[PDB]
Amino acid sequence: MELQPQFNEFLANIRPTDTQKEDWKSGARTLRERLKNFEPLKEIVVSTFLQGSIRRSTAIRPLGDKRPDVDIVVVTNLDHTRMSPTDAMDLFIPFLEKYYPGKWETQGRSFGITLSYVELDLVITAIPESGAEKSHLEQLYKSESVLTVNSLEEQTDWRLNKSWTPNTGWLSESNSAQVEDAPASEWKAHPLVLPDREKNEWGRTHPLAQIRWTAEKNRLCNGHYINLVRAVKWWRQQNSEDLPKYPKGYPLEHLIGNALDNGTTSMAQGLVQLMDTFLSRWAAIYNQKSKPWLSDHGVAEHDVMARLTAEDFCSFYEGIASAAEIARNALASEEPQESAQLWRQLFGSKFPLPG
């Protein structure tokens, strides 16, 4: 059976709690506000925005001593062609030393700030364009759709468009018309550049395209996509000893989004469909003992699975193959208790029994 109320309760159980949601909101709010008002950086800092699984509403509740994490991307106007990545990153060391002494560390492509209630990542980026194209891109990056403080789940009406404005419950004759994503010719081939200290160069990154694709795929799947990502992450967590360390995080989310068809009608149907499609689509790659290439949504030349090994991918494929038999039999069951017991064999005790 589909057991839609049971899946709703399960999802409520595996989402980040209200306390954790407020914690990441508070942390990001404070960090961005202190960045905004820091005089030594007001010339280079164009804007800031949120990225990460919590921003995309594809994150599950942290377990035990782990804390929620969000990334604050800092869009600057630095010239990446005339400044080394390390210099651009070190421009932000006085800020961290003033506001987060003893709690920040330098990482490969960002800074990591560790608070007791949240973990923050400060991502310094630059705009490669110049002139009118840079002006239009800055118009986009200063819009309310980019600056938003709400997660994807909290704003169904969100689009990647500089004309989009948030809605607080009610609005009528003013503007009840839904805007759409800006045409791809305005952003798709315009990624930001990001310092890489271990490679010592500026690489391309396009978080806005990733967020936009996530939101559109959730709309095309009637809001089931982010919840399916969460459910699969929870399944992986409950069976971590039987699964390889990777894929996890965004590569796992990307695999899920690739496997899932549009038009999903329920969580159970979506799970079975995405698992069957994953198994048939990558059966040849798996038999080759290889791994698939899957391009990043914003940088087509980047492979999301670049760091995944073929061995880990094939181990994960076998894990999905074992989970898919349980999922198919759970969906096919016509008894509520049997169906819920199979769903619980997949997901654990956070999935409830009807009675």
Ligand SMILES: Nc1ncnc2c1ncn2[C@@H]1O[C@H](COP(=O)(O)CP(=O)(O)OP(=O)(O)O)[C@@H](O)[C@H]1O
Second form
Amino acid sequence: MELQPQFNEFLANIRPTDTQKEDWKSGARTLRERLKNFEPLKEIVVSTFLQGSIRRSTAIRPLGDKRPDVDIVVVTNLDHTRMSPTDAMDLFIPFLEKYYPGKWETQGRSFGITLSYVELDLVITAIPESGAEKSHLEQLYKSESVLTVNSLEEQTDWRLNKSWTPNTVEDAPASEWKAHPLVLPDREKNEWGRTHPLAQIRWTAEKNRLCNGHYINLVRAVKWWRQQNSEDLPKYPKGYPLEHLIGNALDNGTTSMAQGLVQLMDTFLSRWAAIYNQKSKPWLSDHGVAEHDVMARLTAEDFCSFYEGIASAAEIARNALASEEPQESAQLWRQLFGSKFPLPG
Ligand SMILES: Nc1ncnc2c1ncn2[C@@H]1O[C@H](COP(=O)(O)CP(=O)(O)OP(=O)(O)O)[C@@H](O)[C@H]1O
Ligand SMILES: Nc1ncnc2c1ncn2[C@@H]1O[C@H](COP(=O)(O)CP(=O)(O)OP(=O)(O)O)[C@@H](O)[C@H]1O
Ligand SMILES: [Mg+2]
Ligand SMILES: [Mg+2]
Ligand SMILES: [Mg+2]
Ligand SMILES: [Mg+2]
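So the form solved without this ligand is up there; where is the form solved in complex with this ligand?
What follows is the entire complex, opening with the chain shown before.
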């Protein structure tokens, strides 16, 4: 059985809490305003915006006491050919000491800021374009479409368009943004790399519409499966490479979460069968920066162990979907997801 009310309750159980949500919305607004009014950075900071799994509504609630990771981009107008990633980051130390003393730390390519209930993950970026192109991009980064702190789940009317306004317009033509990534610090060395968070967000919103609202829920459900079965799965993939694998495997047109789960798992297994039999791993283009392999740091051994995990899970998911009794079907789904998936009343 599909058990759509049970899937809805399960999703409500694995979303971050309202306490966490209001903490990160207020934290993002406060950081943005403080940066806006900080005199040494006023002419440098273009935009401060929410990104990552939190923005795309693909984050799951942390277990126990833990604070969710909440990703923030600071867009600057710095010349990345004349200043290194650390030059740009150096600019923000006085600001952090003034407004977040004792609550911030450098974490390699980003700054961690400990709030009451969440952990901000701040990345400093720059716009590589110049002239009029740069001005047009800065206008996009200053628009409500970028500055909204509501997540995709809260505004299905969201589009990547400097003219979009919250409903109390489509995505802009791709030629205005698709080939225009930001630069950010590389993970382990003082060099600029490319990232296109806006394009990832837009791609996710569109995939979610193409899949009738089930995509971001399916991402969170599969993350929860991976967490619940972590003892039997490889450490990687997780986080964004896992999300990207799910978005790849899922077909357009999803009609329920049970159907979508079985479909995406079946498709994963068929699409990567040759790669698995070659003891390899796929090369998968990032939706933001096409020439980037989202799987670049994943080992072939981990991909193949994960493939074995998906094969085992797909058998369970098929049985749960095919089951004609609500209790038996829910028991099989709970074999996948654990006790946060409820039994029907
Ligand atoms: N291998 C990768 N390829 C492309 N983009 C990536 C990426 N790793 C991270 N990113 C981008 O940077 C954002 C922040 O990354 P992370 O915080 O490390 C994982 P996340 O997607 O936010 O899930 P999580 O923090 O809830 O576990 C990601 O959401 C993604 O937009
Ligand atoms: N916090 C973040 N915010 C935005 N984009 C991020 C991000 N973390 C990672 N990304 C994106 O994911 C891509 C891959 O990032 P990582 O997995 O950390 C390897 P890297 O930084 O490219 O170093 P490497 O070339 O030495 O492997 C980055 O290029 C960036 O596009
Ligand atoms: Mg994150
Ligand atoms: Mg992070
Ligand atoms: Mg790299
Ligand atoms: Mg697909």
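We call the rigid core the largest set of C-alpha positions that still match within 1.5 Å between the two forms. Residue numbers count along the first chain shown, from 1.
The one residue among 147, 184, 115, 283 whose Cα position changes by 2 Å or more between the two forms, with the core held fixed by superposition, is 115. Put the two forms on the same core and the Cα of residue 241 is off by less than 2 Å between the two forms. After superposition on the rigid core, the Cα atom of residue 199 is displaced by 2 Å or more between the two forms.
For residue 100, the Cα shift between the two forms is 1.6 Å when the rigid core is held fixed in the overlay.
Its Cα shifted by 2.1 Å, residue 26 is compared between the two forms on a rigid core fit.
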